[PDB]
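One chain comes next, on its own, written out as structure tokens in the form solved without the named molecule.
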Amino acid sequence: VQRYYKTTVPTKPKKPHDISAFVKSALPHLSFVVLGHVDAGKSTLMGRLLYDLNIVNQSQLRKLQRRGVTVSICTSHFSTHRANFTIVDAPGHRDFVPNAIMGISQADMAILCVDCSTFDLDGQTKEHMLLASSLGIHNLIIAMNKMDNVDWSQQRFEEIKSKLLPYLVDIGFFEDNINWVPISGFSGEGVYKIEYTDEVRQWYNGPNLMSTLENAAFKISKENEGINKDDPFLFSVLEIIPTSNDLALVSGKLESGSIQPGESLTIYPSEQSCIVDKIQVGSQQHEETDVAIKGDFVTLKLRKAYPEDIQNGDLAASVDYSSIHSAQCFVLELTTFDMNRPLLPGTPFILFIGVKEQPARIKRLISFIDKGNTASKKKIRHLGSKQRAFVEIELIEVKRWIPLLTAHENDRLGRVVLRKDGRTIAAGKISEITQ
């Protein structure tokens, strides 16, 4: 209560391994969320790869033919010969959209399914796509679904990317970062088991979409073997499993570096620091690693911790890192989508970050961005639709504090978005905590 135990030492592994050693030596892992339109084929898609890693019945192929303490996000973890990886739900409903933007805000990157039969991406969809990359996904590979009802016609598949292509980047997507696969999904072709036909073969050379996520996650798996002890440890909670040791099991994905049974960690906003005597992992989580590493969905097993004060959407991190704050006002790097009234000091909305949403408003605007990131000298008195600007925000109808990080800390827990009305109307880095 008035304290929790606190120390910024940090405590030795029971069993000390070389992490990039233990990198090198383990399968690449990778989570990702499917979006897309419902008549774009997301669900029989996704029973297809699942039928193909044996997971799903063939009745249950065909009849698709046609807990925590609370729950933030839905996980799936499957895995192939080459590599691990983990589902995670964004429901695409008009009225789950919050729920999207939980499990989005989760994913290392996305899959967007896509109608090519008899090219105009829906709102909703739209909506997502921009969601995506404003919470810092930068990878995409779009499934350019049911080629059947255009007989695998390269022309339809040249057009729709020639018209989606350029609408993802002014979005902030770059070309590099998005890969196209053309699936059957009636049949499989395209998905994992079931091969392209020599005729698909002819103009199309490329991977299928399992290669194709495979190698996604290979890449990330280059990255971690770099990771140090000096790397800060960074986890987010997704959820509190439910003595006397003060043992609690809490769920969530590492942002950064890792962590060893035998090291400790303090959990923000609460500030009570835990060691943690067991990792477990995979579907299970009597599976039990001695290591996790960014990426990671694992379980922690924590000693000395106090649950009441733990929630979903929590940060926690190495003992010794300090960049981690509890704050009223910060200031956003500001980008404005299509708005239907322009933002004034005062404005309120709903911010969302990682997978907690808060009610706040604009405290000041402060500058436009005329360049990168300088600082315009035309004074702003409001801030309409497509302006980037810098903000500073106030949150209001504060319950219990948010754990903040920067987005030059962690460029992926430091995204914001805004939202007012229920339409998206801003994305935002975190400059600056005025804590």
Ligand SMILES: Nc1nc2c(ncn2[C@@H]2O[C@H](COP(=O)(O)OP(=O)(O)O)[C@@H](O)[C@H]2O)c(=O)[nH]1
Given for the second form:
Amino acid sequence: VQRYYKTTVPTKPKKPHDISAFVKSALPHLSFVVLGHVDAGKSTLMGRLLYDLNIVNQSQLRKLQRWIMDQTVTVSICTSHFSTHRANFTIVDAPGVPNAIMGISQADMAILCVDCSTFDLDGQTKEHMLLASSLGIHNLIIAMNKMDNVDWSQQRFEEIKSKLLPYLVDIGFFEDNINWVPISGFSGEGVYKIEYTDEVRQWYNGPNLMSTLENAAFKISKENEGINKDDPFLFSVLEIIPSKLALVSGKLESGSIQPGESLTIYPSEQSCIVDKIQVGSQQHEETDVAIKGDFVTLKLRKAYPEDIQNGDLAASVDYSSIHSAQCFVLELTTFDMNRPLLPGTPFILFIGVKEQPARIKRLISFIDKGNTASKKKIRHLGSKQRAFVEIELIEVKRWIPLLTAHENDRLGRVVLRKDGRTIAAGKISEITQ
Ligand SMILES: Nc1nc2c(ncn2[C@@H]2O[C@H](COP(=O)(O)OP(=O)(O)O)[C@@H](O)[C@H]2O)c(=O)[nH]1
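For comparison with the form solved without the named molecule, provide the form deposited with the named molecule bound.
Then the entire complex follows, led off by the chain already shown.
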């Protein structure tokens, strides 16, 4: 308590492995979150998917056609793992907006499920895409859905897209990271195992949902081919399973870990040794190498669970960039707000799977072009602007570990809300420790 054992000298692995080797040899993996409006087909689509996967029954599916996550101490996010012969996947979902944030934060990319039936670019669709890119998601698959109620009309498909695409781009996306797939969650056409109808093939000639997913995965798996031992290990603690030798579950956001190697957890700053890396939907199956992107469970020696919590951060013992703070600077981008932001204006900071009250402490400067700090004086921050800002945490019960977005692009992002409205996104630029 007064001090946990802590080191900055790497222990070696019981059975050293060639990371680059192990990556190549290994199957690609992708995690994704399934967003979309309330009546867009999210669950019938999910059902259909699992069904083609022989994970859902033929009747389990007829019931759904009139839970699904459940079927496949504090829980932060739900995961469901699955596999094809080409790739491994991990559906991510929160249980229970704050819940969307959790899902989005741990997912590699998003599938945006859209109702094509007879377009109104609506409230919670836009919300989700806004959170998606605020939170670090670059890749999308827009599952253009419910094609039957438009008889697979290329005319309509292309019409909805011409509305949505520009929005997605404005909001912060790039057109080549967006993939557009026509499907029917109900007929299962284009999802996985039921092929596109010939009528449909004469205009849509790109891949189906599943293949598109596998494609994503491969794209990812390649970047991870570089991974060295000169690469930091980063790991979001996502759940702590009770002991009666602790079990820690989370997502690697960087590098790799093998049994024998060591890690420090923040903010507790304990240095534990990992002696088993459990993985798979079970999580009895074990590997000798977890790498970035993998959802896994570490079986830790020298761990003190009372002082570990969801949303904590583990890293290489020689990695010294995670910090806790009252104050830090946000490169802040602002949406449409009711009132402007002023020094002292409080809000809730959302960050990874944690949320936290805070207030603006300083308005430091507008951002004119590129990244330059405009000499224009700034007494208040209004809607649809960007500025460097100093934030202060209030009523802190426990330190939040922070990483700047230069250190890591994903972990370094935060979403700001006040009075129930998503008001701004931010990149952590600097930490005033
Ligand atoms: N015509 C058609 N209807 C669908 C399709 N997929 C879902 N639906 C229906 O549209 C509504 C969307 O509800 P649901 O599946 O729960 O989507 P969610 O509530 O947004 O997750 C339900 O009545 C679905 O059964 C589809 O591919 N074609």
